[PDB]
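The chain below stands alone and is given as structure tokens, in the form deposited without the named molecule.
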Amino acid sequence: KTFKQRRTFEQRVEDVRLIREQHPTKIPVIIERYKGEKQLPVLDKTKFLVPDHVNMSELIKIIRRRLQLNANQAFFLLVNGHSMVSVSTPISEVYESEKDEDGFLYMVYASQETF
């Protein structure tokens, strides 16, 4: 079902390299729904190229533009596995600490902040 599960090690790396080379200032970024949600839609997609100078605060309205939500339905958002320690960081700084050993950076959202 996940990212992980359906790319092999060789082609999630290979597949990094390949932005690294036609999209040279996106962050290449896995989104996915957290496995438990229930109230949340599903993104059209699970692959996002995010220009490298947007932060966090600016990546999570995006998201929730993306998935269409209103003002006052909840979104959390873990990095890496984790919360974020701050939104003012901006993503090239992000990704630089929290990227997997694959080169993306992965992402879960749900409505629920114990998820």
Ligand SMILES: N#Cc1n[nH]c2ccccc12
Given for the second form:
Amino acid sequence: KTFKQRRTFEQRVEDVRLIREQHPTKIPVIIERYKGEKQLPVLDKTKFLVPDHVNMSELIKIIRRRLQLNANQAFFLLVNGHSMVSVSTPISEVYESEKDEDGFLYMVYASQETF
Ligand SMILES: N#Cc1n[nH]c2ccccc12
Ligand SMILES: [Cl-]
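Other form of same protein, the form solved in complex with the named molecule, not the form deposited without the named molecule:
Zooming out: every chain and molecule, the one shown earlier first.
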């Protein structure tokens, strides 16, 4: 079901290395619906190449646009298993501290602050 389940650590690492080679300016992001989520839809894909200059505030706007949400639907985004300390941080900076050992940045979204 989940990304880490579908691919070996060997496969996730080699993929990140290919994104480095072929999309050197992109952050490799895994974005997944909270497995308890009732309200929000599932995304059409799992793996996203985010321009390394966008801040977390703008990435939330992008995901809300992809899910085609309206203005009073709630959306909460976890990074590497925990709340974001700030939405103003560039994703280049968030990647360097919150990245996984396979080299992906893992995100999970839900309609409640309680995941
Ligand atoms: N970069 C980029 C994105 N392309 N499509 C998206 C959907 C949600 C969040 C980010 C992106
Ligand atoms: Cl690139």
